[PDB]
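*Asks:* Here is how the chains run, residue by residue.
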Amino acid sequence: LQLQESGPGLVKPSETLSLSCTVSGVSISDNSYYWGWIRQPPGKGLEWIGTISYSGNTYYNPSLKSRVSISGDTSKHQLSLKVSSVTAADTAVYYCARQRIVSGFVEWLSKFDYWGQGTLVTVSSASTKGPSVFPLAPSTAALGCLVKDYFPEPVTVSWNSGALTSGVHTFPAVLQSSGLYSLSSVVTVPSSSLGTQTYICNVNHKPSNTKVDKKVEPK
Amino acid sequence: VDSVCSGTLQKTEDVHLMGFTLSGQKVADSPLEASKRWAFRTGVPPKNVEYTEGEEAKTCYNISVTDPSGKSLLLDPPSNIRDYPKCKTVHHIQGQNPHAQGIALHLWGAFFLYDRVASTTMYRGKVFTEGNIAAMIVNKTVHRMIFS
Ligand SMILES: *[C@@H]1O[C@H](CO)[C@@H](O[C@@H]2O[C@H](CO)[C@@H](O[C@@H]3O[C@H](CO)[C@@H](O)[C@H](O)[C@@H]3O)[C@H](O)[C@H]2NC(C)=O)[C@H](O)[C@H]1NC(C)=O
Ligand SMILES: *[C@@H]1O[C@H](CO)[C@@H](O[C@@H]2O[C@H](CO)[C@@H](O)[C@H](O)[C@H]2NC(C)=O)[C@H](O)[C@H]1NC(C)=O
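Protein chains in written order, with the authors' numbering: chain H, 2 to 140, 148 to 227; chain A, 33 to 180.
Hints in this document: simulated from the structure, not taken from any laboratory.
Idealized CB from N, CA, C, for every residue including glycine.
Be a bit skeptical, because a hint or two may be false.
What the hints assert, rightly or not - Straight-line Cα separation of at most 25 Å, DSS-like style, residue types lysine-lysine; simulated pairs:
id, chain 1, residue 1, chain 2, residue 2
1, A, 103, H, 66
2, H, 112, A, 68
3, H, 13, H, 227
4, A, 120, A, 58
5, A, 68, H, 83
6, A, 43, A, 172
7, A, 90, A, 43
Stated by the list, open to error - Covered by chain H, per the in silico footprint, the following chain A stretches (three or more residues, Cβ under 8 Å):
id, region
8, 99 to 106
9, 123 to 137
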């Protein structure tokens, strides 16, 4: 029962956006199930994009019908969403979801029972940029990483390959005057462990395929 | 008067066929209710018949229904099928049927009404309302006063 959104985190204006969703544990052409795409602009609400049945048929939202195209690959168990001729207003988080239906005169679109986790796609004429990661030394003890000058979001930050959870607090990125982002992540740790345990952050930036690990040290 | 001779028909133009809706017959017309009166079937040839005037419709439907493969289960509209003239609210519906065959036939024996054309079946993508028709004699003078 899993849905995994996939695709680039950036597209330029007047360019076709392409996203994909890998479905797991259920067949993408199984009867009684429909699959669809939904989008959410930063700080805004949900907008349905379109839905595809268990057969070939697709239905779309008349507000984006001209540009939107959806396809299901029955052998790969995955969806495809195309959005041609993008603009600034297409910047959004795209979601993959499974849609139930009600069988009457027409199979009626219904409740979305399972949702994936979306992909933030930014529309911009700028190109991607990986972050310049710098360590923030500790001083009971607060230490962290500074992920500087990158584009566009998201950035994921793990500590000790996910082993360190307790005390982790990552902050919201700031959009700098330059057009690039800056993001910090810190961990509150026992000061007694500063010289005994290794503390390394794991900065991922999917738009530029960048992964930066950085050991943070005192002094 | 109850006599066979009561009534005069001077031209054929004075025969008027009026379409009255089922909504005007206090029948539930919500899409989910309305669709319970529609059904698919084979072996029946769709028939159409011309009429002259009709009631302003409360609700209408603009429907497309296919089979899973995307092929319409509804017939393509003939040249003479136009959207119903006056609908207050149109219900646009587009979808597919998992296991249905044939054409859409009204259960009550009522007609699918379009613009001056009544039918035993539902045409793909055309605005219609459900109803029945009635025949009567109206001379031009009577006709002119009503419609004006
Ligand atoms: C009743 O509903 C139908 C849809 O079920 C509406 O028909 C749609 O009419 C428009 C305009 O004629 C069609 O759009 C155009 O289609 C061509 C391809 O045929 C395309 O090249 C154009 O760019 C444009 O999109 C639309 O395809 C057509 N849909 C179907 C299935 O026939 C109709 O307008 C509705 N009636 C009312 C009164 O709203
Ligand atoms: C004419 O109107 C009557 C009155 O509604 C319709 O009678 C309905 O018929 C259906 C189907 O047999 C029944 O389920 C309903 O209960 C009936 N309604 C009532 C109030 O009794 C009749 O079918 C209509 N026929 C046409 C041609 O329009």
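*Asks:* Against this structure, judge whether each hint is valid.
*Replies:* To see whether the hints hold, each was checked on the structure:
{"no.": "1", "hint": "A/103 x H/66", "in the structure": "holds (20 Å)"}
{"no.": "2", "hint": "H/112 x A/68", "in the structure": "holds (22 Å)"}
{"no.": "3", "hint": "H/13 x H/227", "in the structure": "violated (44 Å)"}
{"no.": "4", "hint": "A/120 x A/58", "in the structure": "holds (16 Å)"}
{"no.": "5", "hint": "A/68 x H/83", "in the structure": "violated (36 Å)"}
{"no.": "6", "hint": "A/43 x A/172", "in the structure": "holds (10 Å)"}
{"no.": "7", "hint": "A/90 x A/43", "in the structure": "violated (32 Å)"}
{"no.": "8", "hint": "99 to 106", "in the structure": "holds (count 3)"}
{"no.": "9", "hint": "123 to 137", "in the structure": "holds (count 6)"}
The structure fails hints 3, 5, 7 (numbered hints given earlier, in ascending order).
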